[PDB]
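Before any comments, here is the structure.
Excluded from the complex is one protein chain; the other protein chains are retained at their positions.
Just so it is clear, A and B label the chains in written order, and each chain counts residues from 1 on its own.
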Amino acid sequence: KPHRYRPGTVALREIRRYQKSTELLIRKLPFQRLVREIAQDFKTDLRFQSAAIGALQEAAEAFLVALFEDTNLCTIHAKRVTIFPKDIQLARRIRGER
Amino acid sequence: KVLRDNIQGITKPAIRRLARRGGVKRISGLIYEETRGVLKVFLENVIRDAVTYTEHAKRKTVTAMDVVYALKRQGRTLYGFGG
Partner (left out) sequence: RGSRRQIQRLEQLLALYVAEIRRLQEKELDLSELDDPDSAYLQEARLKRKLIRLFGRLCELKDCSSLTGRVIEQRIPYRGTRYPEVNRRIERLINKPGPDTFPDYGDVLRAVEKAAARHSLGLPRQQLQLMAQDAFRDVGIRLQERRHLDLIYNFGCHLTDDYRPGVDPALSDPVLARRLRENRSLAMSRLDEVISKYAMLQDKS
């Protein structure tokens, strides 16, 4: 059982959230620019807490990955196949949401 | 016949890696555009609810808390957060 480091000045629950931020796959500049793109259609005077952008990004990447997990789980072939839009849709109907 | 779509924004390799993170190793051409489109629609959906909360609070800033209450309304993604 590996030795665990527990900083005296920062709780691990904080460290874990910062760690997950570094694991995100979409570049953060294009991500915030996509939020801007959406926000412009609502209201030109909208502001966003930085923390809100981060929450949006963490959840959005999870949402996308789960769509692929579901498609993966519904795809059973001896030889590997390329995933198409129809595959996502069916898997969503079998395993996915609403 | 074949054609390369232009964009500014979310790159093919990011989308390939998101798919891979879900176990999907091979995606078709349309998956790239579809992934960007789905991502945008999901964000619109969350932001629509978040701004509904923001306006209810009579604020002009969307807070992380507005985004949480919104996310909880979008189904399984954040299900169970906060207890």
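We adopt the following convention: a residue touches a chain if its C-beta (ideal position, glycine included) is under 8 Å from a C-beta of that chain, and two chains touch if they have at least 3 such contacts.
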In chain A, positions touching the absent partner: 2-5, 7-10, 12-23, 28-29, 32-33, 35-36, 39-40, 44, 46-51, 53-55, 58-59, 62, 65-66, 69, 72-73, 75-78, 80, 84-86, 88-89, 92, 98
Contact set of chain B toward the excluded chain (per top definition): 17, 20-25, 28, 30, 33-34, 37-38, 41-42, 44-45, 48-49, 52-53, 56-57, 61, 63-65, 68-69, 72-74, 78-83
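Operating definition for what follows: only the chains that are shown with their structure count from here on.
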Gap in Å, rounded to a whole number, between the CA centres of chain B and chain A: 7
Parts of chain B lying in touch with chain A, wherever the complex brings them together: 8-11, 14, 17-19, 21-28, 30-31, 34-35, 38-40, 42-44, 46-48, 50-51, 54, 60-64, 66-68, 71, 74-78
Residues of chain A touching chain B in the complex: 25-27, 30-31, 33-35, 37-39, 42-43, 45-49, 51-52, 54-56, 59-73, 75, 80-85, 88, 97-98
